[PDB]
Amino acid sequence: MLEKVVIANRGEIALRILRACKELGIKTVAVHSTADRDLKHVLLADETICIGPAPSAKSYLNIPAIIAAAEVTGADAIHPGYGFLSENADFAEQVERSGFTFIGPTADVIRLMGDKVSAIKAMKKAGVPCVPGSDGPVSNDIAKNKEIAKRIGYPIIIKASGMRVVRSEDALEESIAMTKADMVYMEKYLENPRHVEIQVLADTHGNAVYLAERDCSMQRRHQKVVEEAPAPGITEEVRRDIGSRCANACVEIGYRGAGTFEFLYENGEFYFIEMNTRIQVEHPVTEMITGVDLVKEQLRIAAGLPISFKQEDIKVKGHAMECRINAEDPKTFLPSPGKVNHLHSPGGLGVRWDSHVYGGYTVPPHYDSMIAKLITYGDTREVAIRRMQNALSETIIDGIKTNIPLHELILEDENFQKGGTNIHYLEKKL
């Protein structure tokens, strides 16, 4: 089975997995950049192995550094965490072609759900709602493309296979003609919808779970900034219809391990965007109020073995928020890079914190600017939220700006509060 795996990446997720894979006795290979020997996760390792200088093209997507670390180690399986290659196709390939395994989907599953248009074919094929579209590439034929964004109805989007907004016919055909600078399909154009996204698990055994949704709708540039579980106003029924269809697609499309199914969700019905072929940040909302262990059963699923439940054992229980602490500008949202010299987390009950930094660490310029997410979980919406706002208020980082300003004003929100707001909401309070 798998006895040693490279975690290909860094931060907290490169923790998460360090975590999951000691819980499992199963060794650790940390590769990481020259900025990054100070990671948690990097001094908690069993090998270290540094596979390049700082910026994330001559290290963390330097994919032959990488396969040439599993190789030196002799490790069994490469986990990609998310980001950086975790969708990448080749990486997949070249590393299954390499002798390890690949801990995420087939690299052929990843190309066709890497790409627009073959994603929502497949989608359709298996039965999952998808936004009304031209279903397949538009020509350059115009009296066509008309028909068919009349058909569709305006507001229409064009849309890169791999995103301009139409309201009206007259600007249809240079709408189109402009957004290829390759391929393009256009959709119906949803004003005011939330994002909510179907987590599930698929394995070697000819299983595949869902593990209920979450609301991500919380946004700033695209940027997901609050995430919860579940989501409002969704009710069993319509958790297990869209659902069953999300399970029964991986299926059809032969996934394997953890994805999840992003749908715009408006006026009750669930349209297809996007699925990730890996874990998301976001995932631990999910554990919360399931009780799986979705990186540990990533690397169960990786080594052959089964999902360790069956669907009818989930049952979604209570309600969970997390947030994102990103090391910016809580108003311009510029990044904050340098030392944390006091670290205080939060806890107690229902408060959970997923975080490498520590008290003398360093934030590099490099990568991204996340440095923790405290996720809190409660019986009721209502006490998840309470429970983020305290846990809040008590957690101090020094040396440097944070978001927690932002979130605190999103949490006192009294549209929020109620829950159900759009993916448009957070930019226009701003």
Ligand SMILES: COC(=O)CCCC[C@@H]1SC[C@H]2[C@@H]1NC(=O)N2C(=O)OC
Given for the second form:
Number of protein chains: 2
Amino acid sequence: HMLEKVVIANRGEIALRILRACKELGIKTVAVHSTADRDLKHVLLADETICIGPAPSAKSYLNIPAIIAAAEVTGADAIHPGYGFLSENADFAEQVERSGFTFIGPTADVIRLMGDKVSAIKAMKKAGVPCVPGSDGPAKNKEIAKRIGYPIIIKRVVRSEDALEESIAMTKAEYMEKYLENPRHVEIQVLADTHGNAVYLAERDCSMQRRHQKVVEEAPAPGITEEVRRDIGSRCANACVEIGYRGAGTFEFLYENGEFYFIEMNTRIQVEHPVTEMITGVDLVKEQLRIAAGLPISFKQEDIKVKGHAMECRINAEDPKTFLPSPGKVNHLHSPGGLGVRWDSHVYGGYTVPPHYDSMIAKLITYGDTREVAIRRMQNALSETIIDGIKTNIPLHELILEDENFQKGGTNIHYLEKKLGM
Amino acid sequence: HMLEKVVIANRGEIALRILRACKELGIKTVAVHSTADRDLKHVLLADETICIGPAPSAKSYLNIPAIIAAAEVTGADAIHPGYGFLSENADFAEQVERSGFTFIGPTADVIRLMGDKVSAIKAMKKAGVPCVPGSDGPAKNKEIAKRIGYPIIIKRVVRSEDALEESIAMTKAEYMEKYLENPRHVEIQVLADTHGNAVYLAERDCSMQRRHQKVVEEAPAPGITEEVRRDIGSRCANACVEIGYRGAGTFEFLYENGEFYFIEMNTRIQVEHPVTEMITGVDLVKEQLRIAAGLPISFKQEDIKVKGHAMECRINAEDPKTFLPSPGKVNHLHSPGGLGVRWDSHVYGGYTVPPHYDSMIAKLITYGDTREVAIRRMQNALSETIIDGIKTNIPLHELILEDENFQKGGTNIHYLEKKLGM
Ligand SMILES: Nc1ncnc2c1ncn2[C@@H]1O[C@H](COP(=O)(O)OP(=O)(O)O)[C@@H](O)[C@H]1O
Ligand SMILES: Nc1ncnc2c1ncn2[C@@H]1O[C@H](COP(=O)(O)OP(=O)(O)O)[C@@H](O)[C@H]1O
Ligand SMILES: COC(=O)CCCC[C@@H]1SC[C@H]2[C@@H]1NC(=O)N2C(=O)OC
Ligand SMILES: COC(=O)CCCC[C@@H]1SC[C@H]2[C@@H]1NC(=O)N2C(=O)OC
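Would you generate the structure of this protein in the form solved in complex with this ligand, following the form deposited without this ligand above?
After this comes the whole thing, all chains and molecules, with the earlier chain placed first.
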């Protein structure tokens, strides 16, 4: 009569993370996997396994009917979608609850609401979560653009009135907003339950990115005071209640000259959740599972106090210079350890990284009482880490961590790409 | 003009632990090693290496003149002795400071004081650290034994007056005290610096033992209240000042029917220090190094608050049934991870555990907000851990953790051996 068995509708490290939380709560696990993933750590640990299709994503991890049949055939109570794949797919969520299983995440209606940009802004704007100034929806655009103020983003970026009508038409065989020139990425973690509670769990800075993909994340964000945290955090907790949010989620902002501007709500657990765990002492995947089971969040807002600092390096099987993937056999893995070092990875000596999915192989997470200690622990853990047989982006991480502007802190979302050009 | 280079006068996991702290502080390392240990993780990471002798302990890690020459030839500032080997050897400490290097630990005089039992009791007794009732030093023994009260320990244990004089003479070709029948082992961690400060860092319960060797340790100790902690802890901090203690140390007690009875001060870092780290947020090996450099302890007593619970399983290369050592090649090591899991080990896939030293190969440390969470995390981390090629005592740990009396908590120092007999 509660959650007793959970289908893990994902793979790789987050599938292992979920398995770990399940096993801590005594929840039975069902590992659904493609034919290429029979040797995943979490498949090998799972109570039951069901092969849901051949290697390609389309035919396996995105196979909505096979994943639902796997829940049916095992007698499962709930499905955890992880991140990526179907986690923000409303049709999947809708179909999961229509077949009577618990979807571990928000309701389908809320996924669609926060899954479309204009709709999401409206809803934030009404909740009093600050958005980027814009036209709100939808000749008079010379003037709309006027008052928003150049530069403008139709999405092109647009620096001249001359060329408004062009960039209007150019994106328009392919809405307007203030283009923020050099913002950081600062995001707020929340949880909301079926007992009407919602909390905020400080913030993460994920400004170090390449091609919009995050490389290094940290928590808390440098420069953000407790006062400021409280303001923005409590606006997000409130937004959660207004929209009947449920489960873990993240409000992503562009943050520039002291102000927050909303850009997306990821309605799911994120890759970078561990850094918030380390600074708050909250188990975010456990709380997902509890909340899905109908439990209240296990603590109150005044129980949450940011303590110390945490960093995460996404370790990828890829050439550190060209960023082309590097699948193949890991002959040896020597993973780092010691105080303040956490290692979240499904990779082991003997394991073959397949070509079929993303290239993330491990997340290396460090914690310290200060940002400087956490960066130093990261540097030392990276130098101890050996992954023999394939190439990784460890060398990129080492360059970032020794960057003087990174050490000062507060570098913007373009920094990595500039650095890399220089 | 400070500590810039440290000789790590030890091996195995604690040598790696020390290396890690050194590297966090930017302190150069000198790995002194025997010929059998050239492939130790910490030797491979060290800035400088010096081979101090052939495989046997006697000729290498206990070679006082070779270790001192290694400090001389490298231009080192200090020597960290770890635990075991020379760490409680006053002659070594005396000779290290007489050759002008900093010994990372207390002064030689203090090692001898707390290194001999009668002397240590005197000094504790004068400090107001509670000792076990006894004769204090040294016919009239029928009566001394009388008032201490049977049962008695000459060290034999002695249950009858009849047989006092015998057991007197029997141990006396080979002092008296109350024999505590079913105590737990509860120990208090301290630090003391050259600025006149001394602190206590709660306590550990290390009652699960076999042949007097510890298997599982935890912190805090079940049943001990904050009130009680404060009392006993502050008596140990005070004892530290009275004796001019310096560095990390531990006061070990036998704890029975609500009372603490002193049995030894280990004047060094201990194997089981990590569990205290996890519950207090203190880096105990860093503080050793700071304190040795002449710095104050980096926090005050009121900054220390016990939060959560931690467990440590000493993973040994040994047959889990006969406890005979199992040296040889580890073909694969798959180490556990995830939230609340810490792994302290110099072992890696490819590494050969030699026969020459102890059988400890890794310490698996878990943390949780409650004792139950920490035990469950331990169980799950052990089930994920693979060490292929040699035998380990993991099966023993799994049996302990599933023991109902262990789960209730507070089992005594004889429990494991009884359990094992049953
Ligand atoms: N107002 C803005 N100013 C500057 N850059 C923006 C703005 N809005 C969006 N962008 C850029 O485009 C990116 C695309 O948004 P994102 O949520 O990452 O899309 P997706 O989540 O589908 O990849 C943003 O991170 C940001 O870097
Ligand atoms: N008063 C006592 N009552 C019961 N057992 C004792 C008492 N004193 C010592 N012992 C036993 O003998 C052990 C030997 O002490 P210990 O400090 O371990 O010696 P070493 O450190 O040299 O191995 C103690 O842990 C304890 O189990
Ligand atoms: C093995 O394949 C998987 O388990 C899914 C692959 C990762 C999905 C991407 S990574 C960056 C982005 C997506 N998920 C996520 O949380 N991200 C995150 O930072 O939020 C944007
Ligand atoms: C690889 O060899 C070494 O690094 C030294 C071996 C261990 C010394 C023993 S284990 C239990 C005891 C000794 N050190 C220690 O701290 N112990 C501890 O619990 O305090 C009694």
